[PDB]
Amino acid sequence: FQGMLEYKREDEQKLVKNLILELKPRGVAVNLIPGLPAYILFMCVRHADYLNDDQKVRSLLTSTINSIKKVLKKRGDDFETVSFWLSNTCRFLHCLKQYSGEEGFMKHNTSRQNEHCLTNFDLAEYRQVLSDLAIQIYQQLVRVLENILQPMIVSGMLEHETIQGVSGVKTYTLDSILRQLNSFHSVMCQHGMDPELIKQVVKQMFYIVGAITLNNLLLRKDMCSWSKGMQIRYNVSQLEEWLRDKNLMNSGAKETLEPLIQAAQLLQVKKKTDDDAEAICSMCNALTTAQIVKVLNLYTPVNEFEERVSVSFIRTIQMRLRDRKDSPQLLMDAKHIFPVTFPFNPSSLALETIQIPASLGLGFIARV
């Protein structure tokens, strides 16, 4: 077996119906081998290349791309569906690179894998189409994950009171958020998403959690107190622990929380003297002037003995930050998406070992 798959051109629409349009992300076969639909489609591309059949390669690629776009339009509100197709679009792109026969993409190949390179067609124009599509599919995933998290954020990060996580004497909780992040991470891993892509997804969703949290704090009257600063610092420390548990500290995710971290620190720091003001100006390098001024204006005294922050103290901070080219924006842009990349991730999977389970309904294709 050479690691190719043959099909009759008459069956191309049934191929993509069964492998893409109607394929269930929870099926046993594709969970035993993550990326299986991408490997099978690539093995089909190999045989059309072997035949030197331009029109068959063109038809298969168009049918494949159109079918992935159709699934994501119809069911693209579903996290598992979007994760699954993002993962498989990426793996299909990696296969087209790894088996292109271009020297730069072959550095991690076995001898046998090099024997599986395409021999008749340069598919660089389709690789570029797939890369461009992957950017948009990732944006779709980010918005689906945001919509799921959004109702939990303020309740769990701000409204739910704890004492270092424990109910105090004195709806969604911090634990709700962490369990939901757990679910997102589990599903991406089950789908074989690239580790470098999972890192980006996690950085983006930490950015969203921090930005929704800080904007909500800036827009209400009751979240700027010593007590709430303590709570926010605890909650962020558990988000950092989640990263450590997942071995994701190098994702950049913790750094995206710096504006919320600094706002919470402003709730704790001394707020009286000119040295206190200088310290705030050096500390708050991830908050705009308007954000610093808002938190200090909102700050609630810890008891009846404490005065509100004085207006002259706030003015001192405003005056000493004038040199900033500071954006007068009060709110973080919670819709920002960090530009995503898909670094080449070759696979050790040996194509000649791939079996086609009966459960996919692909009996009409043949191993070559």
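Between two forms, the rigid core is defined as the largest C-alpha subset superposing within 1.5 Å. Numbering follows the first chain given and starts at 1. First, how it differs from the form deposited in another entry.
- The Cα position of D53 differs by less than 2 Å between the two forms after fitting on the rigid core.
- Remark: with the core as the superposition reference, the CA shift of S312 between the two forms stays below 2 Å.
- Relative to the superposed core, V28 shifts its CA atom by less than 2 Å between the two forms.
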The other form holds:
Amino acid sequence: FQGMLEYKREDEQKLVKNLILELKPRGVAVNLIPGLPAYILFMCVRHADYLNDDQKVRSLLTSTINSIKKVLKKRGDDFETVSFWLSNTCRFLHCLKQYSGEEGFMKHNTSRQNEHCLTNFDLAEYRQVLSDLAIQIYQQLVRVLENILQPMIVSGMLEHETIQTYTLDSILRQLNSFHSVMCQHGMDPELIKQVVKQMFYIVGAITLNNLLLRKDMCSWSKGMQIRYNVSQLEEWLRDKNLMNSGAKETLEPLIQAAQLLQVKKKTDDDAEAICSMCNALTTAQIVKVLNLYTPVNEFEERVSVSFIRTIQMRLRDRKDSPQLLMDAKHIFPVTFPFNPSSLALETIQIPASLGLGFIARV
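Give me the form deposited in another entry now, not the form deposited in one PDB entry.
Partners and other molecules omitted; one chain follows.
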């Protein structure tokens, strides 16, 4: 057994139907072996390459890419399905690299993986197409994230009192559910990191925008509440070993506005402390918070106009962005760094549960 799979030309549509269109991401086999559809499809590409059959290679790659697009048009609003196919598209791309035969992708191969490289076809142009597809799938993934998270944020980060409708705990359970689905799917760790940064940004940007929009959100105690909430999100990062994901950093402007809500706002020293601390907020965002600041406790006092004027004067030369509200729909641009797999293709078994009886091991 050489780690290849053969199938008849006429069964190609049946092949992508069972491996892609109708393949359930919760299937027991694809859970035991994350990436299974990708590997099976790749072992199919290998046999077509071996036969030197250009029509068959062309046809299979096209049916594969088009089937993935078809699943995402149909079920693209379901996180599990999109996550599953971002992972498998990525893995398929990795395989085509790992086993391309190009010496640069061979650095981490075993001797036996090297024997499995493609020999007749340079598939570089397909790789580029696949990469672009993953970008689009990733963008869909983030939009699904945003759609589920956005109704949870104000209620859970701002309105619900966490220090004596959605709660912080709701948000944290969502984040967990997202994370564990991606882990189940075997998504690249480096890509999970980016999804997590993106999620933290959504949470942060929506919370901050509300501060910039509502007087009843700008008090000492809200600021206190926001810092407490953030520290829970940081603990979530810490527990997941995601402290170098960049996700903490996306919360920095929110943290500085929450700190802005809490500090002294009367003296020139207070004016100066604020300008030193708030290096991740624009002059516009700073001045907004100050203008909106409305005491909720007796120990809080109104920010005077002269104080605000003072703060504008100190930031006169800083040349900030005019930005006020943040785009909660911004997507940090993503990369898919090559991630070679240690799976031995010759060990791979096609589970009867996939209905692939019409393909043969070679």
